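Next up is one chain by itself, shown in structure tokens, the form solved without uridine 5'-triphosphate.
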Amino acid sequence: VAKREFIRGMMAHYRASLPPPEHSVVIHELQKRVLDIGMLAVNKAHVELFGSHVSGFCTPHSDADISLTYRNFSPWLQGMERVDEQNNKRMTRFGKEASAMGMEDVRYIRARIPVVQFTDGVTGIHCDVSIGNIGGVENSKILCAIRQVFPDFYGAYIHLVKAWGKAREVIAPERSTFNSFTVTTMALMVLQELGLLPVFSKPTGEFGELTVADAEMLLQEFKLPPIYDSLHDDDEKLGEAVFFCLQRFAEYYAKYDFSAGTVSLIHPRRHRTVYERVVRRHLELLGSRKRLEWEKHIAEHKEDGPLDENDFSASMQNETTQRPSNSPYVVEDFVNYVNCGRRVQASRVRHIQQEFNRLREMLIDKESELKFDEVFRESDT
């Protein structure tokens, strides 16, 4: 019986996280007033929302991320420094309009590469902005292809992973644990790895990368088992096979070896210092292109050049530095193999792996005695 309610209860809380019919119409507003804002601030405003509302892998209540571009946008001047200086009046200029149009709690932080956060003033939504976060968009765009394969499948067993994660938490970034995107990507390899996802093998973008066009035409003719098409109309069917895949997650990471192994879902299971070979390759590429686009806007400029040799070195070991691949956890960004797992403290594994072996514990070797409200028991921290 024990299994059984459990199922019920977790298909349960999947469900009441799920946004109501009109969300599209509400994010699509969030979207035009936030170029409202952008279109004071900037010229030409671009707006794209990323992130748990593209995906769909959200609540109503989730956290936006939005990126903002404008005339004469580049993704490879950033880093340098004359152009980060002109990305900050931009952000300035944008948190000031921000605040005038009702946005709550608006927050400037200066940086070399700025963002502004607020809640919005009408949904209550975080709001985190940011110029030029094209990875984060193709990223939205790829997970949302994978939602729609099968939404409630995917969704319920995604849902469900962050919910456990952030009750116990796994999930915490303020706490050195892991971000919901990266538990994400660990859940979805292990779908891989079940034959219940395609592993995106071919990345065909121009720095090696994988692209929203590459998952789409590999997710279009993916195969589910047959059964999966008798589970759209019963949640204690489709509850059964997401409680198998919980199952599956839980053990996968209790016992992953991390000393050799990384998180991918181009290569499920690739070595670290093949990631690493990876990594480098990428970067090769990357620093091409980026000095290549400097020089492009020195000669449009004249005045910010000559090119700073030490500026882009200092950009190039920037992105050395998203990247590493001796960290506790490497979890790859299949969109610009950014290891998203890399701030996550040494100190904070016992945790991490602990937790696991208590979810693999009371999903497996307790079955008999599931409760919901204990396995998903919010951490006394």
Given for the second form:
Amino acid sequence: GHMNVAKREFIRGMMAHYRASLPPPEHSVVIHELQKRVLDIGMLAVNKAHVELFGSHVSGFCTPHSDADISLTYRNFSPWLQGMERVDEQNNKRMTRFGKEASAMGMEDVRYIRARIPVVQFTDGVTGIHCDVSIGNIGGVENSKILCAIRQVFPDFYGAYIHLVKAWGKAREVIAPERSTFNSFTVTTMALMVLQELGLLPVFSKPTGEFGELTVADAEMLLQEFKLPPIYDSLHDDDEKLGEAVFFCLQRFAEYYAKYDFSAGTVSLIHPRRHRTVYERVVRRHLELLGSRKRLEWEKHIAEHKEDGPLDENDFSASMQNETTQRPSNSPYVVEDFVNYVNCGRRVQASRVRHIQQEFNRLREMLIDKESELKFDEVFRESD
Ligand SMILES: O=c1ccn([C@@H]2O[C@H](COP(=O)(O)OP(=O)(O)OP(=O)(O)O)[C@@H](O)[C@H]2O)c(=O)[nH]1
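Would you mind generating the form solved in complex with uridine 5'-triphosphate now that we have the form solved without uridine 5'-triphosphate?
Time for the whole complex; same chain goes first.
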């Protein structure tokens, strides 16, 4: 009798889902030990092995089950050489030995994937966590650190919001990279852009990177100073109150992307709503800078390894083409990675747009229009 309580229960259920997903107290020790295990494998396969984690276990937007992204570097590694045939060949020799050593040390389901960009995938033989190892994923490491810094501002606020977006995204196949929809990183970035638009995160409008990209120190510096509205100071000890703030943000998120004009606009944390064509210009500038430095490093390698010379213009051209095809401004979605201007949304196929748009429609309808009918198990119902 005017006694509907759907919204209250939905907020309660969603904050409980968040709380249930959080890694236990000792999880940082678990992940640290995982890093050491992988380093042990690394030290067998390559000289001066160095292992960096990235992805959600670094950002902190994770569950204890979240997979692990790992970046392997070595003596005289250069981020600028990947693409050069001879060095790609060498990186394959490193990953081939890495895969064998990982099997020997007791990693399960080890799969070495031979390619110009080689990767080794496996299930950790201690935790069961799925691991992805690649050489010198410098962008990955850097953007994960920025995301970590963002979360640090108010971990449970940003944490719950992102968690629920992802949980929804996965259930509804909006986050399904193998089905040609979004990956988690791309939707995370999207969700954060809404927070920026709401004044709940600063805009990173001053990238100072050598190639015009946003750096970790750029981000940390802005966030150090950033203030949330004063009300947020009373939300740290009560999930009913905090859940009202996260609920409002989820509403805004759903509505934002059910309505966002992607024909004109991109998603960016550096410049929210920046036009596709301006992103194009930024990309073109970025690629000139990248190309100059790339060629310079290719020459430096050849000077030290003459039998790999002379510089192969065809291969160098192909490498630059690969940089270009990573940053298209005309794909169904353009979601900008702030550390390298890569379009991380580029793989989403035109035929998938309907499903993505429809799921955002459904989410908006449920969170806003049919608020009185809210049921957590319905909103986050697994697709099919
Ligand atoms: O398009 C991409 C995808 C991924 N990445 C880089 O790889 C990392 C992992 O990419 P994921 O999409 O797995 O991000 P995640 O760890 O936040 O997702 P969950 O596993 O929790 O579902 C990200 O943190 C980013 O550094 C990109 O740079 N671009």
